[PDB]
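One chain is shown next in structure tokens, namely the form solved without adenosine monophosphate.
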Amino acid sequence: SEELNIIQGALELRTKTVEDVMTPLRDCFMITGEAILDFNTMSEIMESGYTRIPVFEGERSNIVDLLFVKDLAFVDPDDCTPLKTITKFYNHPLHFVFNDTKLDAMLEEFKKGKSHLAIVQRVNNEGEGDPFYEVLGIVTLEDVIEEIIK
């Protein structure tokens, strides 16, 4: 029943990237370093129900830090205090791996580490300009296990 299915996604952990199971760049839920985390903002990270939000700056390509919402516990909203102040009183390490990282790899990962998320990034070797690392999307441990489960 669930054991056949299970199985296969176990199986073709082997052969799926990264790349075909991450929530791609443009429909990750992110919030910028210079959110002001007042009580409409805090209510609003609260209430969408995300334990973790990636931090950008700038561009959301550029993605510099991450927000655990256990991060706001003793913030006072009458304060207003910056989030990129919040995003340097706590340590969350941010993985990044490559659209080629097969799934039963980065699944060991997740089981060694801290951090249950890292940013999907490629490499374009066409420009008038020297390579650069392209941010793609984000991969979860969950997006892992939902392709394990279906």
Given for the second form:
2 protein chains.
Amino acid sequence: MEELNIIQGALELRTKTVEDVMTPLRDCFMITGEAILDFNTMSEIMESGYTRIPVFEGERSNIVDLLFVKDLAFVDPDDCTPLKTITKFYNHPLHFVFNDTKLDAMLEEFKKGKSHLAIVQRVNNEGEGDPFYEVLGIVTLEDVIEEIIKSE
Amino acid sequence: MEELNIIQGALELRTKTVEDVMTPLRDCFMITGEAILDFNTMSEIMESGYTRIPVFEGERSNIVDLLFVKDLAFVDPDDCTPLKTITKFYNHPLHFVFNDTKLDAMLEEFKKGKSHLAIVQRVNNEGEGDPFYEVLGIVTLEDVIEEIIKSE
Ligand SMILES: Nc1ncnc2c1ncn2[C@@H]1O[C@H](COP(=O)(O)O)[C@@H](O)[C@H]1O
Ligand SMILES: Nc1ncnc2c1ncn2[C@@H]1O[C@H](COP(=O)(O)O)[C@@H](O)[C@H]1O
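Please give the other form, namely the form deposited with adenosine monophosphate bound, since only the form solved without adenosine monophosphate has been shown so far.
Zooming out: every chain and molecule, the one shown earlier first.
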């Protein structure tokens, strides 16, 4: 049945972490904070089909923002408006989570609040002194859901 | 727990029909088949935030097509390209289902295949002779999922 599949997936929400279902940083469709929204850029963004596009500055692992395709609704290409202005204006909240976070917990944090996307990071304790947060990718509500309803 | 909530929702996937979770036709964000895609129309479409927009001709209950926001990726507003050309070109498949269809079945039909949106219709047996299919709204995978994971 579907019932049984779903129940089992829900049973395994306890063990599994966000690192197991995440989209790793290299498979992620992202965009540079210095980008200009002109017909071709908005075109690539729309073509990607993703509702949410991480915004990075410098290295891809330095993620300062979140762009939503809806934010392009009122943008005119002829204006060649830089992405910075839109990220300042809407300023969508960025959520981070640890790679060891369990999926039930992630699901609970997804329910309360609007945010369906979280940046997955881990602690890198191998220094070079000061330990730093290392960004590994993104996880979404859809990732967790897909893990629940998938068959096996 | 979340586990228990999910399991119960899955238990009730048996009784519930698509009519119970659907977005009724009057709450639906739709668009006329005669529309022209120029900056303001594409703007409304993008502003709506919906991935999929039913395309109706004449009455809102006559649904000939499905527009996806991705289909606007390469469209230039200055061209004032009519929506008909894009619906002909991409021709996304339209799926229909009966209001009495149970949610487990709907979920199964959603898994196999690409389509996450179905037009919900029922048989209107009160004539006036020939019985006709009456369109009541739309149901999506997200509607069913939301019914699974919601609390109570
Ligand atoms: N910017 C992105 N790059 C790569 N994958 C993504 C991105 N956004 C979402 N996804 C994944 O693509 C799937 C559909 O998500 P979405 O189309 O954004 O609702 C899910 O598995 C997401 O985790
Ligand atoms: N064109 C539309 N008009 C009204 N509601 C919609 C439309 N498309 C999707 N929905 C509903 O809005 C929610 C989010 O769907 P979506 O943003 O399209 O992935 C779900 O409850 C859908 O059933």
